[PDB]
Amino acid sequence: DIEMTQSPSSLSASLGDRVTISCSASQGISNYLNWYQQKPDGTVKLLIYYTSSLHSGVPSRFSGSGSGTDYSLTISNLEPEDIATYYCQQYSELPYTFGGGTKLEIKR
Amino acid sequence: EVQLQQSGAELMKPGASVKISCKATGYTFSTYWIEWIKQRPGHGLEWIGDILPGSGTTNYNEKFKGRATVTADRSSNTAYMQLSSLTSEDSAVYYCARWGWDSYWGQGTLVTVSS
Amino acid sequence: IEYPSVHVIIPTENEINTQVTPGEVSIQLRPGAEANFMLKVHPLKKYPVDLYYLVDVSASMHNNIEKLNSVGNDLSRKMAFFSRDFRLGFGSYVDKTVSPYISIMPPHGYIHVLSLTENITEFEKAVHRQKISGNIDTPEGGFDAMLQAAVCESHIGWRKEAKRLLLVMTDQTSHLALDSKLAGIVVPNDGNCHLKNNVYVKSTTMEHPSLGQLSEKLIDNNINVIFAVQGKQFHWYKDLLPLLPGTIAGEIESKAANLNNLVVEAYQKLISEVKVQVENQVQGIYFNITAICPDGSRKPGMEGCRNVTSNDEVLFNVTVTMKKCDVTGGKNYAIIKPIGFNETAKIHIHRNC
Amino acid sequence: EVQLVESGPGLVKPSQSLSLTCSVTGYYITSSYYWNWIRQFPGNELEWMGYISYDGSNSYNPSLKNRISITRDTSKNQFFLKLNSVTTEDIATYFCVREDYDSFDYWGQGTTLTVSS
Amino acid sequence: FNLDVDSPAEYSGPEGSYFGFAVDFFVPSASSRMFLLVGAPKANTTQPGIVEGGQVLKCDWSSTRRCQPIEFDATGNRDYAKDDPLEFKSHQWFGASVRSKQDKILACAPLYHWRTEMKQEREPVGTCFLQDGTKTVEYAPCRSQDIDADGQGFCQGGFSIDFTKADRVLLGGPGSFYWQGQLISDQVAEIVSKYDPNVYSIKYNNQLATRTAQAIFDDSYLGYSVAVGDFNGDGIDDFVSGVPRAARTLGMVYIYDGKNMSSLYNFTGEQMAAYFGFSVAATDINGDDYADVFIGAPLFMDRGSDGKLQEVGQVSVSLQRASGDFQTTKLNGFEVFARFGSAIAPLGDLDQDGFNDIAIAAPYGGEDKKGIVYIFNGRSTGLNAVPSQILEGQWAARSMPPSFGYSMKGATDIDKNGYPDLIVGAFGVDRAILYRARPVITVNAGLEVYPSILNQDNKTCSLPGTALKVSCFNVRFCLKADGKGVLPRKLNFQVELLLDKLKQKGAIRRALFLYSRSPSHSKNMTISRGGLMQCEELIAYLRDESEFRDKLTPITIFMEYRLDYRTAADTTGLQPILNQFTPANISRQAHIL
Amino acid sequence: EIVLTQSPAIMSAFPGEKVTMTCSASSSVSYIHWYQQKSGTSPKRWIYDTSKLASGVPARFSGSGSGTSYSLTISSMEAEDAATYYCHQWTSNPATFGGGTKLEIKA
Ligand SMILES: *[C@@H]1O[C@H](CO)[C@@H](O[C@@H]2O[C@H](CO)[C@@H](O[C@@H]3O[C@H](CO[C@H]4O[C@H](CO)[C@@H](O[C@H]5O[C@H](CO)[C@@H](O)[C@H](O)[C@@H]5O)[C@H](O)[C@@H]4O)[C@@H](O)[C@H](O[C@H]4O[C@H](CO)[C@@H](O)[C@H](O)[C@@H]4O)[C@@H]3O)[C@H](O)[C@H]2NC(C)=O)[C@H](O)[C@H]1NC(C)=O
Ligand SMILES: *[C@@H]1O[C@H](CO)[C@@H](O[C@@H]2O[C@H](CO)[C@@H](O[C@@H]3O[C@H](CO)[C@@H](O)[C@H](O)[C@@H]3O)[C@H](O)[C@H]2NC(C)=O)[C@H](O)[C@H]1NC(C)=O
Ligand SMILES: *[C@@H]1O[C@H](CO)[C@@H](O[C@@H]2O[C@H](CO)[C@@H](O)[C@H](O)[C@H]2NC(C)=O)[C@H](O)[C@H]1NC(C)=O
Ligand SMILES: *[C@@H]1O[C@H](CO)[C@@H](O[C@@H]2O[C@H](CO)[C@@H](O)[C@H](O)[C@H]2NC(C)=O)[C@H](O)[C@H]1NC(C)=O
Ligand SMILES: *[C@@H]1O[C@H](CO)[C@@H](O[C@@H]2O[C@H](CO)[C@@H](O)[C@H](O)[C@H]2NC(C)=O)[C@H](O)[C@H]1NC(C)=O
Ligand SMILES: *[C@@H]1O[C@H](CO)[C@@H](O[C@@H]2O[C@H](CO)[C@@H](O)[C@H](O)[C@H]2NC(C)=O)[C@H](O)[C@H]1NC(C)=O
Ligand SMILES: *[C@@H]1O[C@H](CO)[C@@H](O[C@@H]2O[C@H](CO)[C@@H](O)[C@H](O)[C@H]2NC(C)=O)[C@H](O)[C@H]1NC(C)=O
Ligand SMILES: *[C@@H]1O[C@H](CO)[C@@H](O[C@@H]2O[C@H](CO)[C@@H](O)[C@H](O)[C@H]2NC(C)=O)[C@H](O)[C@H]1NC(C)=O
Ligand SMILES: *[C@@H]1O[C@H](CO)[C@@H](O)[C@H](O)[C@H]1NC(C)=O
Ligand SMILES: *[C@@H]1O[C@H](CO)[C@@H](O)[C@H](O)[C@H]1NC(C)=O
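Protein chains in written order, with the deposited numbering: chain F, 1 to 108; chain E, 1 to 115; chain B, 57 to 160, 177 to 425; chain C, 1 to 117; chain A, 1 to 593; chain D, 1 to 107.
I should point out that these hints are in silico values taken from the structure, not numbers from a laboratory.
Check the hints yourself; a few may be wrong.
Unchecked claim - Straight-line distance between alpha carbons at most 30 Å, and here's what the computed DSSO-like set of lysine-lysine pairs gives:
no.	chain 1	residue 1	chain 2	residue 2
1	A	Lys135	D	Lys52
2	B	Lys123	B	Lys418
3	B	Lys403	B	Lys102
4	A	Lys490	A	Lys551
5	D	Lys44	A	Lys194
6	A	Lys369	B	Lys396
7	A	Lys416	A	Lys101
8	B	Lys203	B	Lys274
9	E	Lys63	F	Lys107
10	E	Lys23	F	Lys107
11	B	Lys418	E	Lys65
12	B	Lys418	B	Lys102
13	B	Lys232	B	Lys274
14	E	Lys63	B	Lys134
15	B	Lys304	B	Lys232
16	D	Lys18	A	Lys58
17	A	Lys369	A	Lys330
18	F	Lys39	B	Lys123
19	B	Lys197	E	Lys63
20	B	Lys289	A	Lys101
21	B	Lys134	B	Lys203
22	B	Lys96	B	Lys123
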């Protein structure tokens with residue numbers, strides 16, 4: 001069927017740096033991708049929907065764009081609340097699906 | 001404040017079924033599509049189904065179409081996920097949701113199914 | 057002092073938190089000079105929406121009539137990311153039922185089926201139950217149906233607080249005003265609501281509405297119209313769009329795979345379109361207007377701005393001069409209204425005669 | 001053609017009311033044409049009594065003003081001339097004619113109305 | 001400009017008949033008198049089994065204002081087979097369109113339905129009736145074996161009609177071929193001569209007609225409106241016809257050759273759904289012997305001062321030139337939703353100014369939207385876009401508005417006065433009114449002061465009120481007048497003169513007439529027969545300098561005149577008027593030495 | 001209203017002779033009708049629309065006139081032309097008729 005695959009595995013960057021999360025679909029999507037984020041132990045939050053609609057209560061360091069099968073999330077000036085696991089939830093037609101998740105860390 | 005209050009965790013044996021729920025308050029229950037998703041132990045997130053509580057229509061993840069159902073009750077105004085004939089791989093934390101797949105979700109409730 | 061020089065002073069406190077900012081426009085001026093004030097308009101990111109689905113039912117609609125039933129479901133799901141709330145209504149039409157077309177599904181004029189509701193399966197039932205009909209002439213009765221959708225507020229149940237969107241689905245073009253002479257109908261459309269038990273019983277005696285009439289009514293009660301049609305006839309419609317402000321149109325794909333996205337794309341376009349108009353001016357009063365966009369390239373002419381969004385107040389420059397006294401006395405009317413917004417800029421004109 | 005007959009005339013007393021009709025056969029004439037009425041005093045010229053059409057109004061040569069009224073029936077192609085207050089100067093031949101155009105023809109076949117002792 | 005709108009001839013029909021829907025005049029060569037033709041399409045006739053069949057009534061011009069039905073068809077519906085009606089005349093709208101020529105009258109029922117020979121049907125084939133003296137025939141321009149929607153079955157033949165010079169009839173058939181439409185024309189003699197009372201389809205030999213076209217032209221409605229006139233140089237009038245939704249609803253007007261049905265000219269609108277082609281007309285508006293082309297577009301939306309569109313209506317006016325080409329302007333309406341471009345009718349030279357004028361009307365204009373007819377005068381430069389006279393409906397709406405101006409016809413000198421009169425219909429009130437044209441008088445006026453310079457010390461003439469002599473001057477004025485048509489030889493005029501007009505405005509009056517000892521004087525003029533100016537010599541004098549100190553401002557001598565409108569009027573009260581482009585005063589001045 | 005008058009009240013006219021029937025108005029009429037009726041029988045009119053033969057009327061009868069002055073010219077007379085002729089006007093509320101003029105037979 002239509003599935004969403006995330007390209008990153010485990011990403012890392014120093015705090016204050018900029019990273020991106022990106023993913024693609026096995027089939028095209030006429031409308032969108034939602035970007036989600038969760039803590040190792042916490043409730044998943046919606047960051048961005050419809051590629052660029054920034055959820056309220058999310059810093060405007062968070063952005064994004066993309067074509068039907070190729071999307072990305074950009075997070076500038078990373079702080080500890082950004083160092084989290086990100087998900088791509090595709091929306092084309094029912095059933096809806098998620099990618100496997102990509103964890104963001106910092107370097108040692 | 002607007003809230004979603006999810007039921008607690010439980011332990012079960014294979015073949016078991018569980019009805020889990022997530023209470024709506026501070027908003028009109030009947031107005032939003034309520035999603036159910038789950039997080040698997042090292043497999044990321046999966047969508048499992050949904051319901052429009054203001055109606056009689058539901059959606060399912062094909063994988064569980066013949067196994068799981070989704071319901072709602074306008075009296076108690078809570079969301080319900082119905083899981084049955086379960087095994088160890090069906091053990092995941094399940095979440096309910098608000099408007100447009102809002103940031104308001106359940107907390108994540110796990111039911112362990114094992115020997 | 058028999059020289060009430062120019063000023064515009066507004067002491068009025070309107071609903072403070074609305075999307076349109078004037079109290080009232082209060083203008084007391086002598087003939088000889090003008091006055092100036094500013095208005096602002098701001099759409100909100102979750103403003104609720106009401107969609108009324110108006111569809112033809114002719115034989116040629118078979119390919120889409122069987123899809124609308126499912127479209128409403130996928131659509132309520134997509135719309136959930138765009139607005140605070142969402143309701144669906146429904147109605148249908150074929151053509152006038154008079155002897156010049158038919159002998160006197178059996179054809180009908182316009183019938184209202186479902187008021188705007190939350191019950192998605194009621195929508196599905198309303199759509200599912202429409203049997204396929206047809207007529208002889210190629211063009212349909214869509215303009216008559218649009219008018220009734222725009223006037224019969226008491227049958228549709230449109231909210232004031234929600235954007236009012238009229239969705240019109242055809243495969244063909246519509247009949248026009250004056251075509252009706254062939255129908256033996258030479259009596260003008262008065263622009264009012266004429267449904268009895270939700271049926272437009274006057275469709276067989278009234279002339280089809282003109283484009284002018286559809287435009288004025290749709291703007292006045294803020295019903296935006298999104299039109300969709302098969303790609304060939306679409307060219308006629310796209311070329312008509314500049315004629316009636318407050319409208320969007322697009323084509324229906326051969327597999328109609330995006331019907332649940334036609335309104336969505338249009339919705340986004342409507343949110344980003346902020347236009348106003350000066351209307352119903354009194355003979356001794358003369359207004360001019362221009363819009364200021366965030367780009368800085370402010371323009372006269374165009375009604376407003378494009379490529380705008382939330383947290384972006386569109387600014388409108390409004391000015392007025394005065395002529396000799398007309399049928400005078402203080403006069404209350406609306407002067408400026410944003411299209412698709414319920415709030416308007418009310419005006420009170422005054423002068424010393 | 002236009003076939004005309006008249007109510008049989010009678011002998012009436014001075015100032016006695018009398019109804020005399022114009023019965024027309026051959027085709028429908030109650031709304032298709034304008035009708036008039038003629039008064040013929042033998043030995044002299046024809047005079048005129050009145051008119052009627054689909055429009056039930058009339059006119060009159062104001063001698064016995066408003067003493068004469070004209071009525072139009074429907075299914076019977078029957079017109080009625082009602083004479084009130086007949087005088088001895090009203091002894092004359094009465095009949096109807098058919099035309100709207102300023103002309104007249106299709107006159108009746110003779111009537112003898114007598115007002116006497 | 002001279003239309004008499006004070007004492008017009010008003011006619012009416014039965015309530016609900018739509019009397020006034022269509023109008024024309026009937027002026028036979030066979031009679032010295034005139035009758036008006038006014039349609040009543042939903043009239044109740046006496047025909048058996050027929051409801052609201054429709055008729056046309058003849059109304060006498062010379063008072064006696066009654067309208068008599070024309071007996072075009074005294075019968076009911078014919079049968080096809082036992083208990084199976086051939087035709088359906090109820091609600092056919094007979095009289096929806098009426099036209100005449102010389103001694104003949106044509107009128108049609110575009111919504112006449114017919115049963116085909118092959119299949120049970122109720123198709124809007126349409127039908128016409130034509131009379132010549134007492135000979136009455138039915139003419140079926142679109143009744144043939146081509147009995148379906150892709151043929152002539154839905155033609156509505158008779159929807160529109162007109163008569164050419166010589167003696168030919170043009171008929172519009174807008175429903176042919178899925179409403180591509182069709183023009184059909186036939187000789188009058190053929191229509192009558194070949195008539196056979198029991199044949200549904202009659203073939204004619206010189207019939208001209210358009211033919212079925214590609215699907216791209218479907219729903220265009222050719223024949224919706226017609227007009228005639230010669231454009232292709234010489235010969236028989238060509239056929240002008242509107243197609244309301246040609247060119248993807250922009251609308252078009254086509255002109256086809258008078259000898260064979262083949263296009264010569266192609267006109268098109270600018271705006272979709274403005275209905276260019278809704279109505280058409282032709283006449284030599286600029287007086288250069290070339291019929292011009294007038295095209296209505298009744299729901300044209302113009303763009304206002306506010307940058308927005310406004311539905312006001314339009315008439316396109318194209319002038320025919322010697323080169324074979326056209327030049328053009330545009331006349332927009334005056335009020336929103338007042339459909340100005342919906343009705344067009346040549347007036348002809350209404351005011352006898354050498355050029356034909358034209359009436360254009362808005363059936364739903366004015367506060368109290370009774371309908372407005374605008375009269376536009378012709379010039380060598382084309383039509384004057386600025387109206388000279390405005391004619392309005394007089395009756396309140398009952399349901400639909402009177403729609404005064406819906407139907408119109410001019411170019412006909414019904415009265416004795418040789419100026420064409422005008423019929424304007426108002427079907428919403430079951431009425432029609434014939435407005436007469438007043439004769440128009442041209443006046444040659446003169447004014448001269450012979451002592452161009454006044455010597456204030458030249459005290460040589462006596463002042464009648466005293467023993468002293470004064471300086472004075474001879475102020476002569478004259479008037480001559482004439483006109484066309486029927487006007488009396490003797491015309492009374494009121495003439496008034498002023499002295500030192502620019503000072504009498506609250507200042508010293510430096511000159512008075514000698515006899516009246518007043519700045520003013522009046523005279524009863526009785527100018528007559530034409531070519532002769534009647535003159536009158538008044539003597540004015542100067543006031544003494546001791547008080548009348550201004551010796552620099554010229555003394556203005558002013559004369560003005562007005563026609564006695566009543567002692568100029570004929571038997572019927574058709575008062576003559578003065579021409580709208582003729583001034584009625586003269587300014588002269590004298591200087592002080 | 002006015003009454004039409006006539007001058008040839010009685011004439012001993014003969015077949016073969018030219019004869020005119022006339023009328024005169026006190027105000028403009030601009031119209032005349034010539035009606036025919038024998039005292040003992042049922043014939044129809046001669047002339048309508050000022051000058052136009054009524055159905056069945058021979059060429060001998062030719063109408064004329066305008067304004068206030070009207071006539072009917074009978075060309076060389078027929079054996080049955082010795083009849084009573086009437087003028088008629090319906091241009092006002094009453095109908096107006098001529099007094100009647102007649103031709104007779106005596107030999
Ligand atoms: C004002 O504007 C109007 C409108 O644009 C002009 O009027 C148009 O003028 C055209 C040119 O004369 C007319 O079309 C012509 O029609 C004749 C005969 O038509 C019949 O035969 C056709 C087939 O031979 C048939 O059509 C069938 O075949 C088509 C092929 O694609 C199919 O599409 C169609 O569905 C049918 O299957 C018709 O239905 C008729 O039966 C043709 O012979 C002409 O052909 C010309 O062009 C072709 C192009 O490739 C060429 O080979 C030929 O040799 C020849 O040149 C042409 O089609 C048109 O109908 C007519 N429109 C109307 C409404 O009448 C008008 O002239 C203009 N006036 C002025 C003053 O400028
Ligand atoms: C024009 O449209 C605006 C759209 O914002 C309409 O006003 C809005 O109406 C909704 C109705 O539910 C209001 O929501 C509720 O308002 C109450 C008010 O105290 C609040 O307590 C609730 O929590 C909730 O917010 C919304 O606030 C309101 N917005 C504004 C600006 O008033 C408006 O009524 C329409 N009509 C006019 C004339 O403005
Ligand atoms: C939306 O409409 C549907 C369709 O009628 C309603 O569902 C059914 O309504 C009938 C009406 O008597 C009941 O008998 C059925 O039992 C209803 N279905 C179910 C599953 O109960 C539906 O209830 C309406 N939605 C709302 C919110 O009222
Ligand atoms: C909106 O319009 C007003 C006038 O209608 C503009 O005000 C003028 O600004 C210029 C700038 O120097 C002044 O010289 C004029 O005197 C002002 N007019 C008046 C009546 O005072 C105003 O600037 C316009 N708004 C924008 C955004 O440019
Ligand atoms: C012509 O006569 C018919 C007579 O029936 C009139 O038609 C009737 O009008 C009444 C009006 O309310 C209807 O309720 C009847 O059913 C009508 N009958 C039919 C057969 O339609 C008609 O109105 C008259 N038309 C005119 C112009 O007078
Ligand atoms: C209709 O009549 C016109 C009359 O002129 C014909 O037009 C001429 O046809 C000849 C034929 O060779 C051309 O050489 C001329 O140039 C044409 N004149 C014009 C003005 O075009 C026309 O052909 C006739 N049409 C039909 C179908 O018979
Ligand atoms: C509305 O006002 C604007 C300006 O406030 C007018 O347009 C400008 O007028 C000035 C006057 O000197 C010109 O120099 C500018 O070139 C004009 N702008 C443009 C784009 O041409 C505008 O015309 C007014 N509108 C009306 C209907 O009066
Ligand atoms: C003398 O005649 C002139 C015009 O011939 C009058 O002045 C005005 O002329 C314009 C020209 O179109 C008209 O529209 C005005 O209506 C005229 N004024 C009037 C009062 O009619 C001039 O006023 C005349 N002089 C007098 C004393 O009447
Ligand atoms: C705004 O402008 C950008 C410029 O590239 C364009 O891509 C975008 O679609 C525009 N948005 C709207 C609503 O027109
Ligand atoms: C002309 O004569 C009439 C006759 O009554 C008179 O009323 C009018 O005032 C006279 N006009 C002049 C200018 O003498």
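Check: Of the hints given before, which are not true for this structure?
Finding: 2, 3, 4, 5, 9, 10, 11, 15, 16, 18, 20, 22
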